[PDB]
Amino acid sequence: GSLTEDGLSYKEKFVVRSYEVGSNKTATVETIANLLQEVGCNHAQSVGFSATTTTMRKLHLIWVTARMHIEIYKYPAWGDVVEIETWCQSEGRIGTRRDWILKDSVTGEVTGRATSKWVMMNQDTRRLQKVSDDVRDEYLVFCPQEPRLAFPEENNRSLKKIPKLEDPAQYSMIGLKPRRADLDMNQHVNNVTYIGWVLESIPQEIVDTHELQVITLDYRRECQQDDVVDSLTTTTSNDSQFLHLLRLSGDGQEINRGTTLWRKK
Amino acid sequence: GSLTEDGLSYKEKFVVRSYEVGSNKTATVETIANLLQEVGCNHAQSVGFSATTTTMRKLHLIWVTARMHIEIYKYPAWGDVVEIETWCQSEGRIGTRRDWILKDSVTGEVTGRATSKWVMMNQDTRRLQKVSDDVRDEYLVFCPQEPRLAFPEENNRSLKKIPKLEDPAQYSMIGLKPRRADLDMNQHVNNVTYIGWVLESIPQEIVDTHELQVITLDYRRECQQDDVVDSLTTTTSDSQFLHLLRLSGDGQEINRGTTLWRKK
Ligand SMILES: CN(CC(=O)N1CCCCC1)S(C)(=O)=O
Ligand SMILES: CN(CC(=O)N1CCCCC1)S(C)(=O)=O
Ligand SMILES: CN(CC(=O)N1CCCCC1)S(C)(=O)=O
Ligand SMILES: CN(CC(=O)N1CCCCC1)S(C)(=O)=O
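Chains as they are written, first to last, in the authors' numbering: chain A, 75 to 124, 129 to 315, 332 to 359; chain B, 75 to 124, 129 to 315, 333 to 359.
Each hint should be verified, as a subset may be incorrect.
[Said to hold, decoys possible] With a straight-line Cα cutoff of 20 Å, these simulated PhoX-like cross-link-like pairs (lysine-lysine) come out:
1) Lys152/A to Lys181/A
2) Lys87/A to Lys87/B
3) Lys195/B to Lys239/B
4) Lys255/B to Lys99/B
5) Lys152/B to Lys358/B
6) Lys255/A to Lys255/B
[Unchecked claim] Chain A residues, not near chain B, derived (Cβ > 10 Å throughout):
7) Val121
8) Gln223
9) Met263
10) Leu342
In short, the hints are calculated from the structure, not lab data. All residues carry an ideal CB built from backbone N, CA and C; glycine is no exception.
Please put together the full structure from these sequences, using the hints given.
Dropping the structure here:
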């Protein structure tokens with residue numbers, strides 16, 4: 075993997091592994107999401123990060143994901159090489175965005191794209207805050223200044239507001255809990271585990287006859303390692335659409351909400 | 075990755091990923107086990123497998143793991159390159175063995191080793207059988223003929239018999255169940271998921287102060303996608336533990352095993 079010529083984006087190639095694919099012998103959306111995280115980490119390391131600045135470290139501030147949006151046109155097959163390009167962009171005091179483009183290494187065609195919205199949070203109190211001027215200046219040197227959007231479209235799917243699923247849910251998967259493999263190097267639940275939990279309540283008949291095209295996920299609250307989650311889904315719709339909610343098994347505190355769009359095979 | 079000069083073993087290099095490491099910023103044993111599976115698949119593909131032969135296909139026979147043994151001396155750090163070498167060997171009518179050696183790509187030092195025992199089974203009836211005459215003949219051309227053992231020591235850890243944990247267990251993790259990410263391309267629970275489930279009942283204080291050195295796991299019965307498992311652990315001692340995974344309801348054994356942990 076390497077930074078591009080101008081130093082404002084990063085590219086990495088991945089060979090899809092045997093355990094990374096589903097029933098169709100193509101990469102799952104969770105494998106894709108893990109590769110987006112990996113190419114994001116390699117980008118931060120390449121531009122000098124130990129992805130927080132010394133000022134953010136001094137203030138105990140971290141970056142946290144507020145929204146993830148992925149659209150896949152073709153999932154790479156087992157053994158295929160997929161090239162992924164990533165870059166960040168400031169969105170003023172609101173926060174920052176990291177975008178990705180996925181391409182088939184043989185054809186050069188775009189096979190997928192993704193975008194994420196990030197905000198600043200105090201790592202100890204968990205309180206949100208706007209991006210300060212001094213912190214913003216420190217990051218701007220690593221980002222393109224003219225807009226570079228993975229989803230440029232007028233009223234695209236990545237910016238649609240997601241409503242709260244009302245009980246009763248059409249489908250449910252209950253008592254889901256994280257194991258050590260679901261934790262990151264800081265003992266927090268990996269963002270990708272929440273995508274997997276959302277998808278646990280989709281009926282297997284949908285998974286067998288459809289392919290996942292779009293997934294948009296809002297992150298409201300972190301699932302702790304001793305938490306238990308319930309995954310809820312209700313059909314909202332040749333394409334099928336679903337509304338999703340992940341909430342704590344006991345009191346029903348919302349941890350995530352989202353939508354998926356599936357196209358018939 | 076590629077076959078070696080003689081065509082009897084396969085080597086592949088892997089760069090340890092950010093999500094592949096634990097709290098020590100080194101590869102988890104489940105990441106290691108997934109890389110052993112990956113280099114094993116790449117070996118079968120390189121020597122012409124579509129890892130069953132046309133004769134096995136005609137009989138609806140598959141290879142199934144009976145035992146996995148892994149010993150790690152140093153877990154590769156995030157960003158490190160680990161080289162893994164794998165080969166198979168016939169063990170007469172009993173079955174076959176796949177062995178692996180892990181090395182640090184910078185130093186060339188052996189950082190770990192693994193071995194697995196495999197038997198043939200009818201995929202539909204789930205009935206076991208010894209190597210069916212013409213089967214070992216079609217496989218022998220891909221294996222070294224002189225013994226090549228990852229664990230050569232006469233009667234070492236990889237061959238020790240594992241007893242059944244008696245109730246009550248010292249520690250337990252109950253109601254564990256597989257999600258889609260735990261399934262393979264054939265909708266079966268991935269072998270590596272059972273390693274993760276065995277380790278769920280080890281206390282977090284052990285994980286925080288010790289490193290896992292050895293894990294031996296016996297595979298008795300497959301967990302179906304709608305099954306729920308209980309993970310049981312009892313200290314037997333370095334720290335040593337005895338493990339049992341059984342179905343949450345009736346208590347049918349799915350796995351049993353042992354672990355050895357070294358103090359940091
Ligand atoms: C929101 N993602 C996290 C991410 O991109 N990263 C985490 C570490 C910083 C940059 C890379 S994801 C695909 O859900 O894992
Ligand atoms: C919000 N990002 C931080 C960021 O903008 N930067 C980090 C290094 C690349 C560009 C600058 S993230 C997704 O956490 O890496
Ligand atoms: C027993 N293992 C399976 C394995 O090595 N393989 C499966 C596919 C054929 C060869 C590779 S493991 C590391 O526990 O997944
Ligand atoms: C038991 N193995 C099959 C085998 O003997 N072989 C086929 C592939 C390489 C040559 C040898 S396994 C671990 O399932 O690949």
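Hint-by-hint comparison with the structure:
{"no.": "1", "hint": "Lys152/A to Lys181/A", "verdict": "9 Å, holds"}
{"no.": "2", "hint": "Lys87/A to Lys87/B", "verdict": "15 Å, holds"}
{"no.": "3", "hint": "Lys195/B to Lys239/B", "verdict": "13 Å, holds"}
{"no.": "4", "hint": "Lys255/B to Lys99/B", "verdict": "27 Å, violated"}
{"no.": "5", "hint": "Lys152/B to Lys358/B", "verdict": "13 Å, holds"}
{"no.": "6", "hint": "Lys255/A to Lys255/B", "verdict": "9 Å, holds"}
{"no.": "7", "hint": "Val121", "verdict": "15 Å, holds"}
{"no.": "8", "hint": "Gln223", "verdict": "28 Å, holds"}
{"no.": "9", "hint": "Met263", "verdict": "5 Å, violated"}
{"no.": "10", "hint": "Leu342", "verdict": "16 Å, holds"}
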